[PDB]
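In the form deposited without 3-phenoxyphenol, a lone chain appears below as structure tokens.
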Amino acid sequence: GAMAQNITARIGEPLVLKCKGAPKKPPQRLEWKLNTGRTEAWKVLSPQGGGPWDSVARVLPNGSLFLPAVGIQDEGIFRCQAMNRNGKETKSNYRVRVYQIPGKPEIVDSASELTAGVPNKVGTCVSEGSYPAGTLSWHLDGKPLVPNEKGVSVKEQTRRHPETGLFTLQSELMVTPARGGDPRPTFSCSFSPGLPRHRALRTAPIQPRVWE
């Protein structure tokens, strides 16, 4: 695609996109073009508006495009093209990615006793309401726990809310505790949005007893 400004918009929240180089108020020679999950390729929106699109994306008096409540299907590309009073042409190019923050992750079905030297189901971490899916991961004593090594295995599951499209993630941790290890280890789970600069959410720890 072309060079664009990256926009991350939260689902359910309004979004205002500026049309650079447009006069402050009508009359304005400007045109918005968008290609999203709602469109068949490009769709043109004008200052006068009209039709079903007014509910979704509307041109404001200053020429900005306004979406009162962003949804998943609004992901895509938004372009404005405008001329000023001087006849100079100015283009605005936005890449819009949408997201939603899940609620705090939780550990369910956690074991209270582990036996060293054999595999143990430690617990199940669940995260509800994310977009995009993101990922779950486990930590032991404040350090990342890598699957498939050191007797550690993880199984993962992703489900989608039938109406909202938001993801629910589930992760089951199994460990084989080494002999002569910590009798009271501390495990925790965290959610990573994956989306740049978004912060992780962390579960409350679980502290099972380990039998030698």
The other form holds:
Protein chains: 4
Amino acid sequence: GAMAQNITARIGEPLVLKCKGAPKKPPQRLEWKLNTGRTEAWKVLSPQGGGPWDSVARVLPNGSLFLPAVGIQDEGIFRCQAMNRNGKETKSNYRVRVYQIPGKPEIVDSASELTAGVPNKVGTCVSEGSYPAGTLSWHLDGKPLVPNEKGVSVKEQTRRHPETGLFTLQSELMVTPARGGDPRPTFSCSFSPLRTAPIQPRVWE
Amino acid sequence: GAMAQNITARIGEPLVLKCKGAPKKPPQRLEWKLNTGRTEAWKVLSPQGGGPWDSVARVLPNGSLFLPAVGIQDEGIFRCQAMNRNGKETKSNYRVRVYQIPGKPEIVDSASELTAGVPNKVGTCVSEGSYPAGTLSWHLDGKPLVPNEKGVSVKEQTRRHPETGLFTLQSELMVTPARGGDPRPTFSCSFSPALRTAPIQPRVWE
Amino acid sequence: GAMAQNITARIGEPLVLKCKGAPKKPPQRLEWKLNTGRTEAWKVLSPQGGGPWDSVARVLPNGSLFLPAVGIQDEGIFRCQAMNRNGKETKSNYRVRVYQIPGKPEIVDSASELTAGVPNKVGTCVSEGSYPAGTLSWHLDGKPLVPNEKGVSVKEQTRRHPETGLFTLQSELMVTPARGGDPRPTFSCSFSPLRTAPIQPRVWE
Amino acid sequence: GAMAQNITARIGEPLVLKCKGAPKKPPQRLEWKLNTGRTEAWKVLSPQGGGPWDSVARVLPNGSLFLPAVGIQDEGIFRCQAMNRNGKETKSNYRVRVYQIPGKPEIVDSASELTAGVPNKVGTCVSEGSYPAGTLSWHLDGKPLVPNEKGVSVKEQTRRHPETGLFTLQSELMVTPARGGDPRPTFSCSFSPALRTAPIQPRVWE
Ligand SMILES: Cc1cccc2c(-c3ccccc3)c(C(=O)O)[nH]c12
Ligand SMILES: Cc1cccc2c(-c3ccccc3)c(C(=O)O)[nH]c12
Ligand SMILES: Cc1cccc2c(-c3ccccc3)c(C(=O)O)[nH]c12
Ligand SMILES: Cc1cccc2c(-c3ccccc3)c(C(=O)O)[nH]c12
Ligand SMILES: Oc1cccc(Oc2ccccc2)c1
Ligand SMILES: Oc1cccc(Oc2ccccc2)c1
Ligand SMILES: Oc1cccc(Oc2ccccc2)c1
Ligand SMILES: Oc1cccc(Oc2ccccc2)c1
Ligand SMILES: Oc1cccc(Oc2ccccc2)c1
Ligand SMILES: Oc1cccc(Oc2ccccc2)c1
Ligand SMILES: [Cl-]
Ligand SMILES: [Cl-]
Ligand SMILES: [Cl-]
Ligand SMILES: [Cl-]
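Right, the form deposited without 3-phenoxyphenol is done; let's see the coordinates for the form solved in complex with 3-phenoxyphenol.
Shown next: the complete complex, the earlier chain at its head.
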């Protein structure tokens, strides 16, 4: 596309996009065009407004575009063209990316004992309400644990809320502990674009 | 994919999908899996149910899957696997395609007079509330008018309702009437995937 | 989107799109913009050309846009803006939809005998090389046969060529013939957006 | 979907996916199913193979699935079901995500002088050949520069190669230098999903 300002917009929150170069208040010669999950190619929005789009996005008195509560379908491109009192045309181009932060992840199941030298199910971590999905990461004593790296295995499931579209992640960690290591290791789970309480199992030689 | 029964489901209407080979009532060994606009790959649904999915699709006592009101996002694939009393497994595979019929199309503007031998704007037709979009067709004396036929030109605009996702179509017809033709032709507009407009009958000058 | 001319373009065939209002030959003040399966939002193409896009679409001397062989990814929107010798701006807007016609469908398996009053597998029809997929229809004595209509059952499979993206369809027809009907019915299969040879089984009362 | 091993596969490189629990060599009771950019829902692949798919993915003697050179359209889900000698079934489920690393980013234009207290165009950075697109980040004296921070503005353009589908990024940085700061700041550009540019060191006037 064209040169644009990247905007990250949280779902459920308002968004105001500036129409650069527009007169401070009406009358203004300006037009907004957007191409999002709600449109078939470009949709034109004018200061007059009207219709179904008045429930979604409206042009404010200062010419800015206002969305009262961003949704997944508002991802896309938003552009304004305005004329100033003289007659200079000014363009504003925005690439809008939407997101949602999940709740704190939690460990829903965990082993209290691990046996060194054999594979063990360490635990299951769940995260609810992210957009886009993201992924869950595991940590050992505060250091990242790399999946499928000869001893560490991670499997993950992604499910979508049928109405909101937000993602729930469920990740399972298996480890083969090395003999002669820490007997009370600390494991934790985090959401990769917060972190869980650490679980502290016992390891046997 | 696999061999499936094609199902067409109207938006807003209920849908019942049969789980072939399931026992008539509980207990039943059966499982539904669906992959639609609402899922990340396959979602498993069981007779027990529960959770957010109970507002969208639930397994009935006879093992069928029931959606109270189909939406655009229910397009996709729906499968059941069941075991009968004897113990034979039976699979059911459905490809669900969703649609909505628009209201009757309307002519929102039309010429009352056309001049033969020059291009004329005949009229504008609008259709609201289709899914998928479809297209608008023009007719002259009950015969189809083919766009871009050296004399017939058609332009069309498709807009999407920002909350329902249903389409509104707006089509403009221009024609160059041939000298020595019908002086009172009849034009009509139709929705193409009743649904035809009242005909307009302008006057043509030689 | 905006008011556009709908263009249907066959895959593998050239496409020429007119830039209305452009001067007949250079120099011309004109610009093409396209948004297709090949682009991230709008891509601008100029008469000078250059780069990777010269293998796909180029502006001709008369200002028209030329694609030597349309592919699936050329579906989308194509627009031109030009200035004439005076200075009138003219816009051209095209919505391009791509397709491919399959080969003649064929019956790959068929019953030679049907028993009235019970379900029978009548036959299997295959169509190769369509885009978009389309569907296969069955006919009895030249009349359409409606699927899942208490006596008629149709199942269909759609597969995609891994490299070309063209679709292969396979449809199976089952019928429960009505007692006291035609003893030598004629069935045929057709591609719905040609037709097969009719199969003519024998029916028993 | 279901519980799966996440696999990251570089475009143009081979990929081997293990069919867990399959016998080491034929005969094997196993089946692969994949749903990717190349398929309409699930495609079944067998050890026998054959057809157009033999140019893309084939089952090896040990039952693993092999793709000689991954492409963008191989993103998706790959599953195996096998039976061992005893007779136990084992399933393998993979979620395959494809990527490509761009070339080293470059500064294609830069200011040699900046004026404190006014907005200045610092430079333009370009990255070619990423998948998915990614983004370009700017740094000042090794610290991240946050866009739209009342004084820092960044605009970016993403273009797609019309035949390979790989992305080219172009990012422009503008800053309003604060009076009384470093007179020879160092700016650099980096690719964000080595891959950092040489730093530019303009002069700033008070
Ligand atoms: C490249 C670029 C950046 C910012 C705005 C625009 C507009 C536009 C937006 C609203 C109204 C009229 C024109 C256009 C166009 O459509 O030509 N291009 C733009
Ligand atoms: C090819 C085909 C047709 C109809 C149903 C299925 C199921 C299934 C559906 C629900 C529960 C368990 C299995 C599967 C599978 O997943 O193997 N394949 C199927
Ligand atoms: C609504 C409509 C119809 C046909 C062409 C255009 C262009 C355009 C195309 C190429 C170059 C410059 C402008 C624009 C725009 O971008 O404003 N809108 C258009
Ligand atoms: C949930 C899950 C994990 C891994 C493999 C499978 C298979 C499968 C794959 C290839 C062949 C036969 C079955 C199925 C199914 O289709 O039921 N479900 C699976
Ligand atoms: O929608 C509107 C409302 C008022 C004036 C207007 O005029 C412009 C058209 C295009 C670009 C800039 C200005 C457009
Ligand atoms: O975009 C919207 C959507 C709904 C209503 C609306 O009208 C307002 C007037 C004053 C304050 C806030 C909103 C504007
Ligand atoms: O035929 C099947 C296939 C898979 C599982 C199954 O067992 C279930 C019973 C109730 C609910 C969900 C699953 C029965
Ligand atoms: O790409 C080009 C090449 C030459 C002239 C030109 O000037 C225009 C810009 C936009 C619209 C119409 C004309 C654009
Ligand atoms: O769009 C293209 C693509 C490849 C080559 C090309 O150059 C030609 C010159 C003369 C005749 C035909 C083609 C134009
Ligand atoms: O474990 C399985 C699951 C499904 C089918 C199967 O039998 C096949 C043997 C060879 C090739 C394809 C299928 C074995
Ligand atoms: Cl899901
Ligand atoms: Cl729209
Ligand atoms: Cl397929
Ligand atoms: Cl592009």
